[PDB]
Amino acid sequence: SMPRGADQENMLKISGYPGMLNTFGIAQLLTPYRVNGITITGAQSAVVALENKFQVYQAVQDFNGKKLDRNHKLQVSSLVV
């Protein structure tokens, strides 16, 4: 799942993807960002460890509000805020 000794500044919160995705599929959703761990927190929500805070900020810009289909829209935010 998640590396035990991670820093919260590298973490991304992501929700709204289709519940069918497993943890590998969540990493696939975020290609090409390096993903170091994923914790599933809900039916359609997870926390994802990226490389550093610059990756987190760019991932937020790239994916937040993105429409996946008619019934799914991504909510993406930095864990540390």
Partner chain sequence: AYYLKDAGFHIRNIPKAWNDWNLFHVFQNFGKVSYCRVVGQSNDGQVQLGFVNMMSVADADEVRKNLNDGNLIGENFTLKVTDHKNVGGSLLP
Second form
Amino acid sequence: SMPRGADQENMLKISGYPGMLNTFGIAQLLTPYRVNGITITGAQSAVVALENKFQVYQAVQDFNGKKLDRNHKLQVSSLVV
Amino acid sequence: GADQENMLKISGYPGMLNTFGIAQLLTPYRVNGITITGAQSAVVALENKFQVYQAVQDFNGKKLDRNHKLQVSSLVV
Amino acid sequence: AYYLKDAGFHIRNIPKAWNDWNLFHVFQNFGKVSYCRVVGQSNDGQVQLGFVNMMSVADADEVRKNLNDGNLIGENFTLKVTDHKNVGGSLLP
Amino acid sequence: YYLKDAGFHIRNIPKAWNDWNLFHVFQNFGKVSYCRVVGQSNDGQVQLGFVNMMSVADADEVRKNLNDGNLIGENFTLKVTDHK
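Alt. form deposited with the partner chain bound, vs. the form solved without the partner chain above:
Next comes the full complex, and the chain you just saw is listed first.
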């Protein structure tokens, strides 16, 4: 799960992917960014700790609004507003 | 239920990778577990033997960069 | 058991001599395959029944493209292909 | 530890910049793994930094845009050297 003590600037929320994905599959959605921990928060949502705030910034830009298929659209946001 | 026909050996990637990074190498195949076996080696359980077969064909010998080429093989011959 | 929405097919009229690797090979030509199984046979044994899930809806759409009246036609076979549907309410969000 | 051939030492960074400014420069060449301004000269006029790209292919894109180890921007010149 998530490293104890993680900094919020390293974290993002991701949702909308297929409901059967496991933690490794969620990490695969975020290729190539470094994933250090994932906390599932529902079938189609999780909170993810990436290596740092720059990777969070780029992951939001790369993946927010991404059409995975005609049935699934990703919502990606940084935990730090 | 675990099954060795679901499993593969993977090696040769950068030593800095963690298990999520090893799973990222195998996108889009479903990864159910990873055991690190060395600084650049692991054993991976994919969903089934068909994903093992396709992952071996996709990734065995694959150049990641000029410093790393992947070795991927089914656990059962 | 839940499968990626709209990525899976029920397969009928599989030749009696095929195994799951034969079925896999046919569908691999259209894209990556997530799962493949021969589940039963007919009464006369002349044909078998199966299930194939593609790795992505895009792969499954490329299958739907090469169909002709719900059938996949090969040089010596003809498969009856229908869309698989998940059971409602089984996913726990 | 690090990814071989993906990283750079950065010298001659302007005094006003922070890590996000350094990030903005290198994001135009590919994905960035890590980016830090580590300190500044005793006169406080230039800064020293480190940038790791996400992949060697991203770093090679940086290298294609250097001239004698210099990254010449609109209003700045960075000294860029490989980390080893």
